[PDB]
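Single chain ahead, by itself, as C-alpha cells, in the form solved without the ligand.
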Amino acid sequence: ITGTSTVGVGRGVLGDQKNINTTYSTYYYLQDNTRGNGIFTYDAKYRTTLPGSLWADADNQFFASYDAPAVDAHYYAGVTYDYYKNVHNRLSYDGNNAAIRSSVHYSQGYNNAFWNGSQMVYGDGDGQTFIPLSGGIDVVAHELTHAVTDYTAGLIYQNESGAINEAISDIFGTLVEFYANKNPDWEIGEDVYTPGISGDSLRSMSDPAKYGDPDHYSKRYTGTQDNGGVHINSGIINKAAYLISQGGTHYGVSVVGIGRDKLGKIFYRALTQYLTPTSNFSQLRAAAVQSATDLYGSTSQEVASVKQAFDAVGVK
C-alpha cells in the first residue's frame, strides 16, 4: 500500500522482542519498504485462501500471541534478504528486488511451511509436533531459498534433482542462521520442532543419520514416497556441504574444511551458474568442482576439499 515507512516493535514466536519495518496509512501494515520492492506479510486467518489480507495493526505494537508468527515471518524474511544482498550481491529472489510476500496462520494445526511458486506460507503447527513455523530463521530462509532456486537452477522437485533442491534450501537456511548469529547450528527446524522435547530437530546436516536420513549414496532412498525422497536423500548433499565447511573423516575419507563463507560462495555459484532443472548428484559434484575452480583455482585446497567431501558421501 501507499504510506510512510515506520518502525514497529513486537514479540516473536519464541518470546523475543524485535523491531520491524512497517508502513503507516491509517493502519500500520507489515510492509517493509527498506528492502527491494518491499517485504509484505499477510494473515491467512486459519484458512487456505492465499495470500489473505495484508497484516494491519492499529498501534504499531505486535505483542499479542496472534501477532507472533507474523512478526517472525516478516523479520526473518528481512534477514534473509540482507544475507543474499550483503553476502552474494543478490537483490531478492529474482535478482531484481522482487517483492517478498509471506502468509501466516495458514490452515488449522498445519505442521508445515512452503513456497507455493509465488510466496511463502507458514502453518501454526499443532502445538505438539510444531509451534508456528516462521519461528525458525532456518525455516524462513529455507523457504525463501526455494524461490531463489526457482529463478536460477530450477531444480525439478523429484528424485535426485529434488533432493539437491532441498539440500540447497537447507544449506542456505543454515548459512542465514549463522549470518544472524543467534544460536546457530547445522540442524534444521530446532527452534520450532517439538516444544516438549529439548535438543532435537527435523533434520541434521552434520549427521543426517541421527534422524534416519542417508549420509552416503549407497544408502539413498529409491522408492516413490516424498517425491522420490527429496527430504530424505538431501542428507547426502547436506553431509557433503557440512564436510566442505567444517571438515571431518567420514566412511574413512578425510576432508579439510574451508569454512562457511567459502561453502556459501561455491554453492551459490553452482546454483546460479551451472546447475540445471535435471541436475543429478554427480552433476552437482561437477558443478561444485567447477565453481571452486572458478573462485579459487584448480590446484586450490578448496577444489581438493570439494572432491574429498563428495568422495566421502559416495558421489562420483
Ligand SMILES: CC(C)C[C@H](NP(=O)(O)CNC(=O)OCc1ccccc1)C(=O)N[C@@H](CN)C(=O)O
Contents of the next structure:
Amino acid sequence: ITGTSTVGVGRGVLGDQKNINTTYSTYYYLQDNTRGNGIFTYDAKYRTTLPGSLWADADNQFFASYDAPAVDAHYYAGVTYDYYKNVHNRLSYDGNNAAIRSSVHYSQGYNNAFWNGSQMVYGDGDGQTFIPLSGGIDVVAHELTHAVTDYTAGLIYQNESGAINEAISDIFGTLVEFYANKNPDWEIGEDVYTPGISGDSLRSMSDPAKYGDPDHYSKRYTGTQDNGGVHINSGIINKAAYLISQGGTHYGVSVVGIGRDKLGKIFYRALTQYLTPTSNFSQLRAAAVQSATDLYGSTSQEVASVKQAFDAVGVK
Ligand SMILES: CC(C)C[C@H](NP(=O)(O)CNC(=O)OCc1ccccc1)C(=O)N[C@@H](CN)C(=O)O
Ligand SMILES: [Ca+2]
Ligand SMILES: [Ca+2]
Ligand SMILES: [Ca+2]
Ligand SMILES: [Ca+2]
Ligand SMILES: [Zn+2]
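Counterpart to the form solved without the ligand, namely the form deposited with the ligand bound:
All chains and molecules follow, beginning with the one already shown.
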C-alpha cells in the first residue's frame, strides 16, 4: 500500500518484545519499506486461501496473542533479508529485490510451514507438535531459502536433488540463526517444536541420527515417502556442512573445521554458480570443492576440509 514508513512495537511467539517496520495509511500495516521492494505480512485467518489480507492494525502496537505469529514472520523475514544482503550481496530471493510476502494463521492446527512458489506460509501448529512456526528464526530463514534455491539452482524437490534442497534450507536457516546470535545452535526448529518436551528439535545437523535421520550415505532412505526422503536424507548433507564448519571425526574420518562464515561462502557459491535442478550428492561434493577452490585456492585447508567432510559421510 502507499503510505508512510512507521515503526511499531510488539511481542513475538516466545513473548519477546521487538520493533517492526510498518506502513501507515489509515491503518498501520505489516509492510516494511526499508528492505528492497518491501516485506509484507498477511493474515490467512485460519483458512487456506492465500495470501489473505495484508495485516492491518489500528494503533501500531502488536501485543495481542493473535498478533504474535505475524510479528515474528515479519521481523525474521527482515533478518533473513539482511543476512543475504549483508553477507552474500544478494538482494531478496530473486537477486533483484522481489517483494517478500508471508501469511500467518494458515489453516487450523497446521504443523508446518512452506514456500508455495510465490510466498511463505506458516501454520499455528496444534500446540503439541508445534506452536506457531514463525517463532523460529531458523524456520523463517529455511522457508525463504527455498525461494532462493528455486530462483538459483532450481533443485527438483525429490530424491537426492530434493535432499540437497532441504539441506540448503537447513544450512542457511542455521547460518541466519547464528547471524542474529540469539541462542544459536545446529538444531532445526527447537524454538517452536514440542512445547511440552525440552531439549529436542525437529532435526539435528550436528547429529542427525538423534532423530533417526541418516548421517552417512550408506544409511540413505531409498523409498517413496516424503518425496523420496527429502527431509530424511538431508541429514547426510547437513552432517557434512556441520563437519566443514565445526570439524570432528565421524566414522573414523577426521575433518578440520573452517568455521561458519566459510561454510556459508562455499555453499552459497555452490548453490548459485554450480548446482543445477538435477544435481545429486556426488555433484554437490564437486560443486563445493570447486567453490572452495575459487574462493580459497586448490591447496587450501578449506578445499581439503570439504573433501574430508564428504568422505566422512560417504559421498564421493
Ligand atoms: C523447518 C520446518 C519447521 C518446516 C519445513 N517445511 P518445508 O520443508 O519448507 C515444506 N515444504 C514443502 O513441502 O515444499 C513443497 C511445496 C509445497 C507447496 C508448494 C510447492 C512446493 C519442514 O521440515 N517440514 C517437514 C515437517 N515434518 C515436512 O514438510 O515434512
Ligand atoms: Ca494493535
Ligand atoms: Ca536456537
Ligand atoms: Ca536452531
Ligand atoms: Ca520441544
Ligand atoms: Zn524445507
